[PDB]
Every structure is written in structure tokens, then in C-alpha cells.
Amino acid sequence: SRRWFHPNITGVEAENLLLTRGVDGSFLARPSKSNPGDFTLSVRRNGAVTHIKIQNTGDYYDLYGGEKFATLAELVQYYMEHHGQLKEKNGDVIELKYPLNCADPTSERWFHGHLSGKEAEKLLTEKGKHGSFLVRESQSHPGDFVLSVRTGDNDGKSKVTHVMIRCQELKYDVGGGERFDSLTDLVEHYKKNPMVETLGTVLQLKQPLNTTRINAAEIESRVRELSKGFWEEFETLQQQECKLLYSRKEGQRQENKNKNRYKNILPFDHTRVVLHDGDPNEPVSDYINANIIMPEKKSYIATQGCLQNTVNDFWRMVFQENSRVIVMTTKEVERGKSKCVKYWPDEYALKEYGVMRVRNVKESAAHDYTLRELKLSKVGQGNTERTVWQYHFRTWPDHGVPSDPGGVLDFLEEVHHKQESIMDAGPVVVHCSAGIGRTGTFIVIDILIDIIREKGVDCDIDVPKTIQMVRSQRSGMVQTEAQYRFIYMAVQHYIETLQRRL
């Protein structure tokens, strides 16, 4: 349901699992082992198992012989409600009917594995609030587990209770009543239906303990401890994408289909940019594949590379939102395929895009990017002209991430100073191809640097929490583990620079 992903499984295992525990229509997804950021959708069809490759090189999930997706959970939702859109080479349908659930708790935010009793009491004391909990392996009774929960209002008014969870022939229970198939089933039961202590305290399971937050100045040590890891921390974050299937109905409307670069990577309704003051003629003129991203001053608009038939809408958007800065993170063409049509005029040229006029005043080549100084106005209305600075990052490698972040960091410092130099500039527009991989990586790095720029080096940052907040505003922002490590590398490199100064 949100447990059809099996992190530490092999092909062999996945096949036996589907052959013993499933039926035709059963399915699961898993990572490939040494293959960086490949995945496999395993499916049982007519008493045999089919494996289907999914690749992510950083822009989107490409399912072989299906479509491209912003998240695996979006992929499963699409096919679990579109009977016959997934097919084999030969055009037989592959039905995804019944998720095959995984019991491994290593991806759950509350699971602290191989942790002691005393260390758990301390973390709940220093980091924990009322209702804060974790599940850890028992040391008294091996095989078993312990649920540890803070309850109350450092002076007596709170306490930590420890509940033993027995493991017995494959099932989990708290000493009586219901026996659960997974620790996740157990936790989800007792979070709905809390245990009540003999004398009446309720063991409310409200939120897991946070272990991702760090002091920015402790970055070097954390990156070193994640390098051994990163994979587990990313996997835990990925698991939480099940929570973000918000509606994308405007993007799914007939009138809007040919405005999406990829027909299933759509903006959420709740944060989509809405275009006003359009043609009365057009059937639907309010739509563009873009979302507002507000951190939780500077906001961003995340959007896809222009299509031929959306260039005019793109400039309607920039004008409406009073954006003065555009960040482009793809070449127009990579691996011989269009990623973004040229929506700006040649140097010294002037062009009309619907009701908008844009002049390219001047281009400046820098090592990692080109800057284009553009002038945007509404045709027939002088004194609406404003300067839009387009920063075009040119050297991002075709697959994977730059091996060093300094180029990226130098680029965002410059984007930041330009933005901050213009009074009431609107949101910075950021776009790549689909507008979720690079685009989210640049935005998330920008959000974190900004904190450090204001609060300096002795401030709290939380990379996965920041990514989760951004993913709640556009599907699948930050696509791959490589991008996740890069974000960390970027912030580390920013912090080192700050301290060599001082």
C-alpha cells in the first residue's frame, strides 16, 4: 500500500516471494544492487514472473515500455488505476493489481536498529518531545525489539516507557492480543489505538525521533559518517513519498495534455502557477506545468523546459509573477534530444512571444554558465519593461552529478546577489527538462545555503526534511541518491569556505 518497495531483496528472493505469497497481478519494486539508481518492477503474470526495468539518471523514472514518472509511488498509482496501459514488447498487458508488502523496517523513520536502552533514553531526553518514539533491537532478549516512548509535559513531568515487542514465528506482538506481520503493522496499529498504562498514561505515538538534523558546523563529520550511510538515509526519505500523492487534476485535463513535456509529470493543483489575463478564445489559458516552491524571503518557481506551444505561456508567467531571474540547468540539447526549446532571442535580437516582447541586450560567458540580460515588456505598454537575468548553467554532466560543487555554488551566489539586488523581485524561475531532478537539487541547495548565509555557521540544517518539504510542493523534487549526496557535498563545501575566511 506504501510497503510494496523491498529495499534489501535480490531478484531470486523477489521471484520466490511472488510465486509463494502472491497471485497473478501481484507485484513489487526493488533496487538493483551494484547498478546505481536502476530499479525493477517485478510482476506475477499467468503463474510466471516478469521483471521490468526502471532507470533514473536524474531527470525522471523511465519505466521500460511504460511512461516516465516523478516518483515510484506516482508510477504505481498510475498503473494500479489504468488497467491496460502497461504492456510487454509483444503487447500483452501487465496488470498491477495487488502490492506484495515488505516487512523490513530499515526504511521507517522510527527504526533505530542496533541501539542500546540507555542511549535511547538520552536521545528522547535531549531531542524528544511528548509522544516521541523509536523502535530498537532488544539486548536482554535477542530476536526481539523494544518500543521506547516519551510521554508528558527536565523535572519529573515527563518519562520514558519501554515496551517489549516479541518476535515469534515470524510475527510481532506487545505481549497479548493481536500478532502483526511487520513492525510497521504493529506501530501503525498502536498509533491508531494507543496502549494505556495500568494507571492511565496513554502511550501516544505522535512522531518519530529526529536524527537527520545537524549543526551546520558539524557537516564534515556527518558526511564522513554517511560515507562509511547515505543510501539508508535516502531510502528512508524515499519511503515518505507515499505521503505526497496530492491531486494533479488540472494537469490531467484534456485541454492541457500537450502542455506537459511528459504526460504523467504534472504540477500539484494546490501549488500550481495559475495564469490569468489570457486569450478569451483559448479553451483553457490558465495552465502551465509549474509550481510555486516556498521554503519553510526568496521563493522559487519550479517548471519544465518549454515546449514549442508553451513558450508564450512561459513568458506570460514570468511577467505575471514579476520574476527577474531565470535559472536554466540543461543545455537545449543533450544526448542528441531536445530538453528545452530556445525561448529567448539571439544576442541583440528582439522577438515577440504572443503579447510579450523580449530583447536580448547582452550575453556574458562565464566558465560554467552564460548570463543573458533580457528585457521583457508587454506589447503596446511602455513603462512595463523590466530586466530579466537568465543564468544558463551549461556544464552539468549528461548523466550523474558534477564531481565537485564549487561551480554550482559560485553560480547560486551570483543568482542570489542579482535576485537580492532587485526591489520586490518575484520568485526565481528554475527549470531543467521535466523540472524535478536538477531543478530540485539546485533549489534545495539554494534553500540550505540561504539559511547558512543568514544564520552563519552555528545554525541547524536538516537535508531530508528540507527535501520532503519541497517534494510536498512539486512531485519528486530531487530524483536520485547521487543528487542527494551532492547536496550534502555542496553544503559542506559552502561551510568549509566560510570557515577558511575566519
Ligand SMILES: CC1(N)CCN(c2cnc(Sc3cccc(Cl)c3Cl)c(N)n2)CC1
Given for the second form:
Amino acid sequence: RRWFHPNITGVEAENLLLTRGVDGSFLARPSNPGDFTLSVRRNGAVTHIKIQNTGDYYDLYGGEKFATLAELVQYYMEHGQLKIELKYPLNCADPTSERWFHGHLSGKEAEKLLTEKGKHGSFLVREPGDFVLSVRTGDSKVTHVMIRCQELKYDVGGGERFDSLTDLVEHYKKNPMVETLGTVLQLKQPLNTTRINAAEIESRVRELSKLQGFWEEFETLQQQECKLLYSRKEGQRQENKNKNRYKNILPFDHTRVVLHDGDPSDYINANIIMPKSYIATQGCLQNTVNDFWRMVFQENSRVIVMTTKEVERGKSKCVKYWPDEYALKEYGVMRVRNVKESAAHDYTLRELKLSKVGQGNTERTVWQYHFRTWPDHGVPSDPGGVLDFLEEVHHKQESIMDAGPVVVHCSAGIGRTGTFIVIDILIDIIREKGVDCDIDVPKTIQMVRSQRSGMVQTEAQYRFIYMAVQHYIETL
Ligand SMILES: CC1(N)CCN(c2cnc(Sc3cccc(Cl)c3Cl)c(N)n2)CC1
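Given the form deposited without this ligand above, I would also like to look at the protein as it appears in the form solved in complex with this ligand.
Okay, now the whole complex, with that chain kicking things off.
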């Protein structure tokens, strides 16, 4: 993912592509903050293509919709689809989005962090133009290795000279430095500085709010998305193409929900998310409504969380897959009765009875929580509404013996869906373990992203997750 440059301007991108790149060279960068730009060299000139993300997916102008920028780049690198060829990534030497880079951090602060939070092989790199690599080794001690910047290259006092700190760190990760008395300076894992005690969320949010800290942390998490390019072959099959809301937003094969008692049709664009478990899925299409009810029935799910209106901005985000109040409908082999609807400030609850046609004894109540007030773009200005809704959903799920995973869906099933699920996972740790628990927001999001592509889409949702956890702790 070195083709992503976090701090460059359009003019800097043009100069880099014209002087250091060739026809086919490309890079991606942040823009209108919140948007991204794909800058590509074609026939000696540079084109800048807009990538928009309001919270549901990355929408590339003149291209398709994607779950992640890594999935977008992999797609165009492996497929005449962009109207523009993406042949050569133009690599970024900026270390600001590396997990181990801590810019302005003093040697005392670094020794304190490695001593309190580190273990064998924990390391960090901190900054007049030179850098310091600090490593903890043991069962213990901290060793500081000077990294010189001499004529644009980096070195540890001898040997190879690297074009970037990333190349240096990767080199000495593969080929560890050995102290002449035997100690191997193993760079096993970056020092974890994101894991906080829940009671100090206010302090961490205040520090992330200064010039912003939230942006740096989010883009450092985004930089790790290239480790999550898991196969999605089942969703790519000809017979499954029209079962996807967006052709390139697909479920990972290894966590997808497989539908078993089919017409003698094992596919649905949905994934199991394990942290209480969840099913993260897209809004129904007219041709997937029956598959949706087959999934809910098979998985024994008793609670559904819908995080979109049926229509937003004049566009269908989810077809109505449930009957009108008091009505009974058959959706293939499944029968649904809408027993009763209850309106609340931010949501509507629909009490549904689901059963298999011809088998009365299979009836179970499915409670559908339909959140109605999420803004068309961005996130809510206050998390209270989302928190009170998730608290109600949680108590409903907890009251039902052996209930299956909670189904959560929005439009593509990754942005608002990932946001609700991640807040739910974090607040569950705090409800049970109390305020004396460790929480790690990027760790939790990375874990959820390994089970469905692009879970949590934007820096605005990333910040909303911290705000929701802070609010939950303040009302404890
Ligand atoms: C100060 C910094 N420049 C920015 C903040 N920081 C940093 C480091 N790593 C991450 S990702 C991450 C975190 C925990 C577990 C997993 Cl699994 C992952 Cl993937 C992140 N979002 N931020 C340390 C370096």
C-alpha cells in the first residue's frame, strides 16, 4: 500500500509523477477533506480522479464502488475498466502512517512507553533530521539505535543506505541487528500505544482532538488494510453477480454465510462477525429477499438492526423485505407476519413472526430495530440516540435464550453497519468488565475488517466510535 501518500498536494503529486514516474504510474492521496484523489500519469500528462466516501463505500468517478482503496487498486491493477491504466505504483517514503512511527517523541517518553507497555521485540521509531529506533528485548532492557539521514538516505551507521525509514525497518525486521555480545535486536511488533484503559477515554479523545490526532490514527489503521485482501471468489461467480448490490463489494469466502437447504443457491452477500456474534449484510435487493429470510431462519437470528431508511436521496438503499403491519407474507419457503410496529424517537421496532411454510412448530419472533434518523451524509452530531438504540437491541438479544447472531445491515453493509457493530463490541466489554477494562479501537476495527471488507468506512465514523464510547462511559 505504498501508493498512498497521506500529506501530498495535487501539485506535489503532479511533480512526483512527471519527474519520478512514467506512463502508467499512479498514486492515491487525501483531497474537500473526506474525499480522496487517484492521480495517474497517462501519455506524459497527469489526471486527478475523484474518489468520494460519505460513509458507505469508495465511489471512484468514472469507475466502480469499492469497500477499500486497496481493493480498488487491486481491481484496476488486475483488470480497460477505468475511463486510464494503473500499471506502476509510485511509492511513498513518508513514514507518518506506519504503526511504529512516533514523530516528535522524546527519548524519556519512548523509554517510559517501552517500559510500561512493551514486551520482547516491541519497537518504535521517533525523530534534527535524524531518527532513533528504540527496541525492547528480554523475558529486559531498551536499546536505542541511531538512524542517520545523510544526503536523503537512511542508515544505522554502516552497511546499506535506504531510500526511506520503511525500507530500513523492513530490512532490519528481516535481517536483525546483533549486538556483539549476542543480543538479537528483534523488531517483532510495533509498540502498542492505542490500547487505553476505558476510564481514560476522555483524555485520549482530548489528545486525539488536538492538531488532528484522529486523522493520523485512522490513516495508520487504513495503511494496514492491505493485509486483509482475502479471497472473495464465491461472490464473483456468474450465478452470484446479480445477488450483490455493488459488483465489487463482496463477502470474504472464509466468513461468508453459506445457505444450506436450497432448491435442489448457497450465496448471500453477508459475513459472520465474531468479536454475542453478528451477521453484517447489505440491504436486500428484490431478488435476494427470499435468501435473506433463509439466512435469518438458518442462523436462528432473532434481532435485526437496519441502519438506513428504505430510500435516501431519492435512491433505494434497501427494499422493504417485511410485511405491512398486521399482514402475512410468504417469501419463498419462509412465512413472515408483522405482528406489531412501535415508533420511538430515532427508530421503529417491528415485531415479526418467522416460520417455514408447512412447519408451524418452527415459528420464532424476530425483532426488527429500524434506525431512521442517521443523516444522509456523515454521522450523527450526538451519539446518545445510537447508544440508547444499541442498549435496547442488546437487552432484547440478551433476553432471548440461544438467539443466533444479530443481523446488521445498511446499504452496502460495511460503513454504518461496521460502525454500529464496532460500537456494540466496545460497549459490550465496558458493560460487563466495567470502566476498568482495556479497549483498543483500531485493534477492534482491524479484527472486524478481517471478517468483512471495509467495515468502518470513514474518519468521521472512526471519530464517532470514540465519541460513542466516551458518552457511554460518562453516563455509567
Ligand atoms: C503515533 C502513530 N503515528 C499513530 C497512532 N498509532 C497507531 C498504531 N497502530 C495502529 S493500527 C492497529 C492498532 C492496534 C492493533 C491493530 Cl491489529 C492495528 Cl492494525 C493505529 N491506528 N495507530 C501509533 C503510531
